[PDB]
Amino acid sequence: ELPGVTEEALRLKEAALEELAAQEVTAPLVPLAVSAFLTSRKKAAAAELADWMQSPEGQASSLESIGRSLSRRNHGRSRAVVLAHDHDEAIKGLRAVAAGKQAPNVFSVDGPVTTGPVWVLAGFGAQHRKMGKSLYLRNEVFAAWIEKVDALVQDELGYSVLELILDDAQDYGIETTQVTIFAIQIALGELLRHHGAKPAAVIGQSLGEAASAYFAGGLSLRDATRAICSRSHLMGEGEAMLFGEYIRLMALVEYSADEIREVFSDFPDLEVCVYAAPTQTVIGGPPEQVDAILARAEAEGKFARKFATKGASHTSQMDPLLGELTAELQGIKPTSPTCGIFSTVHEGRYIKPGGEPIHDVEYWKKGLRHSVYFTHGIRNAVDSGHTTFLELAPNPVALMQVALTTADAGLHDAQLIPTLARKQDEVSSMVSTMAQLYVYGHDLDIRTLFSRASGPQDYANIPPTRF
């Protein structure tokens, strides 16, 4: 007994499948994998493979069948991927790989990365109107998850996130932004798991906390959704009844914690919401104060962005909500994580897989009320040897902040891997994301990025390697 897809969603869906069948058809992005024990030899295979693709027999093979065949080869420690829509992009890419040159559509490394990937679940500031729609229409696993979450948020809040996603006329509010990003993050991460990927550790930021508790194995899907639903409605309601003198704003400014100590003397009502990067902090407070701080900063040519909200989460101003939040989470069952956690709620500190559960009711209270230790959890992950950070987001705003912490910590070559992007094709983005995982040697079954062969023309006679 659990809600089905509503009729309005089915109706919006058919309007959406025809808006889409009307559209001018386009070439899919196809990943071409090339690997060997040694780079030297990987380079040789690419150049050969590009010669063959330039040949008539190679020209008569669809990019798909060539990719399918490549994915069945035995994959070695030295690896490359070329990401192509047509033969000419492919060959150009492979030429770049063969010459150890650099190309946007190409990734190539000498051997695997040493530690597993950190999944970054953030979300704040990432929402945009049509987020998730294209990938829902075009991918059946993503859609299945988006629906399983839709069904649960229906049970919890009484409306449908699927209908928000499908409807070009609907923009997002405080509340619906949080549950929609949650939906999107759950079904992204499960799309990755479907293809063999898995997080070594998670780190959450704020709204992302709940999806990150689920990917960590700390809450069931039901409990995690209780966690996103309970806080989001409460902040949306709360924010609604705020006007003028009680209103507090949130803005991101290019000052560090300290630089802000030397403002927050002068401006005493100000509070720190998120420690975002070593030189970026999200603050919240009285709008005369916030505008002041912005005005100072912008004058010094320091980055600044005011956010759309009349209330400031992670501050004393959430105290009215906390008794209610507590009561709404009566009965959630926190479990022992199945992967590492850098907790930005608990000051950036790390919790080991098989540790004592952290996601109790009090976690969500402390999370909503206190600062978010985001730069700290990231500087932690780096100090412990992680270099791959992959963001599940509809637009990777958190990953840029990650860039700033990694560099400030002496890591100048992170694999910073994003998922979805505003104004970028959603299928293609995920193809890339999985192609970067493959390349860096992280878990990712590349076979699964192709449909099962229905006949011989589904393979290609790509150059052989054994004898």
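By rigid core we mean the largest C-alpha set that fits within 1.5 Å across both forms. Positions refer to the first chain, counted from 1. First, how it differs from the form deposited in another entry.
- Only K310, out of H370, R349, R193, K310, shows a C-alpha shift of 2 Å or more between the two forms on alignment of the rigid core.
- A327 shows a C-alpha shift below 2 Å between the two forms [criterion: core-superposed Cα displacement of 2 Å].
- Core-aligned CA deviation for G158 between the two forms: less than 2 Å.
- Annotation for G301: C-alpha shift of 2 angstroms or more between the two forms, rigid core superposed.
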Given for the second form:
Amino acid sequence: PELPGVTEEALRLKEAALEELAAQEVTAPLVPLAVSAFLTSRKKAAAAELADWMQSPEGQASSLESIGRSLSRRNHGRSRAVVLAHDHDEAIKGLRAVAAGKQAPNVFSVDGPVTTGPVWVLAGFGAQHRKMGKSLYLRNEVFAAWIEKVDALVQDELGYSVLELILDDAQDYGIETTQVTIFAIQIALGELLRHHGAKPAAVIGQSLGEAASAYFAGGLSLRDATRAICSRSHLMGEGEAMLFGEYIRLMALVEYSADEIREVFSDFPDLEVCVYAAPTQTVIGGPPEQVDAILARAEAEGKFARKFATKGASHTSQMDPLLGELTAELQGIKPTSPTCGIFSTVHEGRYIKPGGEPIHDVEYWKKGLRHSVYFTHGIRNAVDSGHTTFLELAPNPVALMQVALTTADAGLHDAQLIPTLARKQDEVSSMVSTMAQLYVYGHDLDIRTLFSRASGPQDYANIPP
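Please give the corresponding structure for the form deposited in another entry, as opposed to the form deposited in one PDB entry shown earlier.
So it's only the chain below, everything else dropped.
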């Protein structure tokens, strides 16, 4: 079934953006330098020895890329470290610290691997920004291909190009396109990780993210997961556009826990819980006058509270009139038995095991849009079941700050909280550094794939063996 190609306008926009990229001053890439051994004591030795070599003229004459390439081909032992560096000075200072077992922002170092697989966090609320995904789309052939694949599916489903949005700095995102585009980007980022050998042990979803979570847990084909986010997204945009003024439901974050909310809500009979986000943070929704009132009641009581700006009212009665069209649109999707674990924040945070019964039903998407997102509960259930590595696939890492609030509450004070892209951070670097972290903690990640195949020998270094 012939899928639409990249649009004319997208090609035009790409050309322009490449032209402009080609004119910025090239910045030195971030190179990851892996050092490992069966023993931490020996890992530090190799570190200090590599550093000593990099000090010498031969080592100063070798590119960081070559040193990283050689390093990446050593046997990767139980105890691991990666110094992420842009030049020789950075590299040496990082290695000094690995050797001294001292800490630094560009160094990661552990005595041994994390016991349980990573949980991939698929969220999206509040993570959008204007240029999101663009730079990685221009710079990374594997990302770009997956973006283009979702872009084709959305043209087919919805009639416009998400990739045109990504490329056009003049174009901003609204209720509908914000969602379909964060989705595109979640899909492509996860597949970029798969390409480098990463896998999720489990997923957890948060509202918009739930459809990407289904895909990566093998619960729906890419097509059907695109179908799920497309129906949610366009129906939500259309539904708000037809409502006016104080009939538009708002959302806000307030520093009250589930228990405090049952009390507080007796004053605000139309407020509902959108996302139980953290143990003492809840995104609530309803009529503006009640939202403003709960906001002021919080600010008064000495409690954090921030109103959001989106006339989306996911997880409120404002979704009531879309349920029927939603049900109708997703007739025909095929839920499949998952291939990894799922913490279902739609089902109150409950775990479904690889091999379980399909849970990606039409009724599932109906349930998820209308009802509360049990995010903190899902994350608590992961922590309690031995998971300690949380990786957010996002254009900006807002849900990991929520994850941290739950990990800490549950007694897990040193979780591995791994972000992907971020606004104000080079996207190619970010991915490097995310892959370095995965590698370091022992999770699947073929670190050889972080360097292109050697053509000649100057692509290697004479690293002290």
